[PDB]
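Enquirer: These are the residues of each chain, in order.
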Amino acid sequence: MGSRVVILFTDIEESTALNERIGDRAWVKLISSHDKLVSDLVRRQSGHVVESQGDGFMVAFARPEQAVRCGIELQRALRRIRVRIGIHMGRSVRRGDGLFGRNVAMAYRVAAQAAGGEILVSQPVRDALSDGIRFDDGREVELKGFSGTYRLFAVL
Amino acid sequence: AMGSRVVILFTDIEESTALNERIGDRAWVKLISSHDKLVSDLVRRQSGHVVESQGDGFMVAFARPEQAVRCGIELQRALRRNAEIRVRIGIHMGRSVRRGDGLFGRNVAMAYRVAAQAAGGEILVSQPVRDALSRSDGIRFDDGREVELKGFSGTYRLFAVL
Ligand SMILES: Nc1nc2c(ncn2[C@@H]2O[C@H](COP(=O)(O)OP(=O)(O)OP(=O)(O)O)[C@@H](O)[C@H]2O)c(=O)[nH]1
Ligand SMILES: Nc1nc2c(ncn2[C@@H]2O[C@H](COP(=O)(O)OP(=O)(O)OP(=O)(O)O)[C@@H](O)[C@H]2O)c(=O)[nH]1
Ligand SMILES: [Ca+2]
Ligand SMILES: [Ca+2]
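Each protein sequence line maps, in turn, to chains B and A.
Residues 103 to 182, 192 to 241, 244 to 269 in the deposited numbering are what the first sequence lists, from first letter to last.
Residues 102 to 184, 191 to 269 in the deposited numbering are what the second sequence lists, from first letter to last.
Keep in mind that the hints were calculated from the coordinates and are not lab data.
You may find that some hints are simply not true.
Here are some chain B residues the structure puts well away from chain A; computed CB gaps all over 10 Å [claimed, not checked]:
#, residue
1, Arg106
2, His150
3, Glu167
4, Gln168
5, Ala179
6, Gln224
7, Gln234
8, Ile246
9, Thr262
As a list, the in silico DMTMM-like pairs of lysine to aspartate or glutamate whose alpha-carbon atoms are at most 20 Å apart [unchecked claim]:
#, chain 1, residue 1, chain 2, residue 2
10, B, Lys257, A, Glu115
11, B, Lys131, A, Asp208
12, A, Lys138, B, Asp208
13, A, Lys257, B, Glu122
14, B, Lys257, A, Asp126
15, A, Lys257, B, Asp113
16, B, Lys257, A, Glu122
17, B, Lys138, B, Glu175
18, B, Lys257, A, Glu116
19, A, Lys257, B, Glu116
20, B, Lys257, A, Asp113
21, A, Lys257, B, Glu115
Pairwise CB distance ranges (calculated) [unchecked claim]:
#, chain 1, residue 1, chain 2, residue 2, range
22, A, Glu116, B, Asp208, 22 to 28 Å
23, A, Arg106, B, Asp249, 44 to 50 Å
24, A, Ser260, B, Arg247, 37 to 43 Å
25, A, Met103, B, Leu139, 21 to 27 Å
26, A, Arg106, B, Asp208, 28 to 34 Å
27, B, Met103, A, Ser260, 42 to 48 Å
28, A, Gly251, B, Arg165, 48 to 54 Å
29, B, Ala164, A, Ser134, 21 to 27 Å
30, B, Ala128, A, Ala128, 41 to 47 Å
Using N, Cα and C, we set each Cβ at its ideal position, and we do this for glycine too.
So here's chain B without its partners, still in its complex pose:
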């Protein structure tokens, strides 16, 4: 239920191991920096950071091309830690300043399937972008909490 929204999750790979290695002082510095970078890039594509998960973010966009372009630019900027990015779209409930519903959970699982450095999108996102964006042929996976399988597409 709810309004249609594109949901993007970012997540740092193995952030606990990282925190343990470099220590809390360096980690807070790092994540503050990362937060500012992500916020900047999200805003450039007219997105809004909805919520923090500590070593990652939940971001809302009106259009799928905005989300994917944001993901592309974030990976580019990081190459200048490894981050996984997943993107899904569908109706979700935007209540208080949070997002809820099965399509939020699905975006979350799509991000969880992504490798560090990868941008993964669900089939609805892929099908909506058939403007400067190329995809692989997809991979079929089971997603925790959902029945059956889903084809997820990596951005090239």
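Please arrange chain A with the ligands on chain B, whose structure you already have, making use of the hints.
Expert: Relative to chain B, chain A with the ligands alone:
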């Protein structure tokens, strides 16, 4: 040293995604709204603070470990009376850093992993929490079990509240 000492409690609903898929978004939103208010109310009764939400769970801060455990116990009692959702609870203490409306640092991450280890319906606490509550006349623990926690080297003994 960086950070203020705090007791961190995480709650998490077991298999919330599958639950959401069963009951639908409308009923889910109503359910988690009710859950949010239940947790918030019980937390404030033990002088705690809900720091942040993880959708189907919360990060909560307490000054004292007795407060966190009493809260956990009361929450499980409330959830039993209500019953269907099962909530896992994990508690750890140490210094952590506040940034915005969230807590950061290895001891937050540790609390998170202690919670992840807990079964639905269970309260697990780390060894420092158990040790801090040795003298308590009301709080009782089991003998503990050794685990390894993602992101951390070595092993850690975790204790269930009885
Ligand atoms: N501030 C804040 N931190 C959170 C929240 N939810 C989770 N965390 C933190 O997120 C971290 C755990 O993230 P994970 O991604 O599971 O851990 P990881 O070590 O990165 O492992 P992988 O991503 O699986 O490689 C812990 O530090 C948690 O304390 C939140 O809502 N707010
Ligand atoms: N609103 C909100 N939701 C979050 C946040 N972090 C994670 N989530 C949600 O948390 C849910 C996934 O939680 P999990 O505990 O991994 O899923 P689960 O199905 O309960 O699985 P188990 O706990 O392993 O049994 C998804 O619905 C995510 O969208 C957050 O910061 N804010
Ligand atoms: Ca991570
Ligand atoms: Ca859960």
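Enquirer: Could you run down the list of hints and mark each one as holding or not?
Expert: Right, here's what the structure says about each hint:
1. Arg106: Answer for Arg106 (chain B): holds, closest chain A Cβ roughly 13 Å.
2. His150: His150 (chain B) is indeed farther than 10 Å from all Cβ atoms of chain A, at 16 Å.
3. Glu167: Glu167 (chain B) clear of chain A: closest Cβ-Cβ about 26 Å, beyond 10 Å.
4. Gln168: holds (23 Å)
5. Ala179: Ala179 (chain B) is indeed farther than 10 Å from all Cβ atoms of chain A, at 21 Å.
6. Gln224: holds (14 Å)
7. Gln234: holds (18 Å)
8. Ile246: holds (28 Å)
9. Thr262: Holds: least Cβ distance 15 Å, greater than 10 Å.
10. B:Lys257 - A:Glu115: holds (12 Å)
11. B:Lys131 - A:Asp208: holds (16 Å)
12. A:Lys138 - B:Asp208: holds (16 Å)
13. A:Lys257 - B:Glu122: Measuring from Cα to Cα gives roughly 11 Å; hence the hint holds.
14. B:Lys257 - A:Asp126: The hint holds at about 17 Å.
15. A:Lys257 - B:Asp113: The given pair, whose Cα atoms are some 16 Å apart, holds under the 20 Å limit.
16. B:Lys257 - A:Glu122: holds (11 Å)
17. B:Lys138 - B:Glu175: Given that 20 Å is the threshold and the Cα spacing comes to 14 Å, the pair holds.
18. B:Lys257 - A:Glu116: holds (9 Å)
19. A:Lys257 - B:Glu116: This hinted pair holds, its Cα atoms lying about 9 Å apart.
20. B:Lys257 - A:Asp113: Answer holds: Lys257 (chain B) to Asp113 (chain A) is near 15 Å, not above 20 Å.
21. A:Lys257 - B:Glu115: Holds: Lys257 (chain A) and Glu115 (chain B) sit about 12 Å apart, inside 20 Å.
22. A:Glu116 - B:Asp208: 22 to 28 Å: holds (26 Å)
23. A:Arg106 - B:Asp249: 44 to 50 Å: The hint (44 to 50 Å, Cβ to Cβ) holds, given that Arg106 (chain A) and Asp249 (chain B) are roughly 48 Å apart.
24. A:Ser260 - B:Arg247: 37 to 43 Å: Once the Cβ atoms are compared, 41 Å apart, the range 37 to 43 Å for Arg247 (chain B) and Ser260 (chain A) holds.
25. A:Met103 - B:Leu139: 21 to 27 Å: Hint holds: Cβ distance 22 Å, inside 21 to 27 Å.
26. A:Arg106 - B:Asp208: 28 to 34 Å: Given about 30 Å between the Cβ atoms, the range holds.
27. B:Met103 - A:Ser260: 42 to 48 Å: holds (45 Å)
28. A:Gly251 - B:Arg165: 48 to 54 Å: holds (52 Å)
29. B:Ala164 - A:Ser134: 21 to 27 Å: holds (26 Å)
30. B:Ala128 - A:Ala128: 41 to 47 Å: holds (44 Å)
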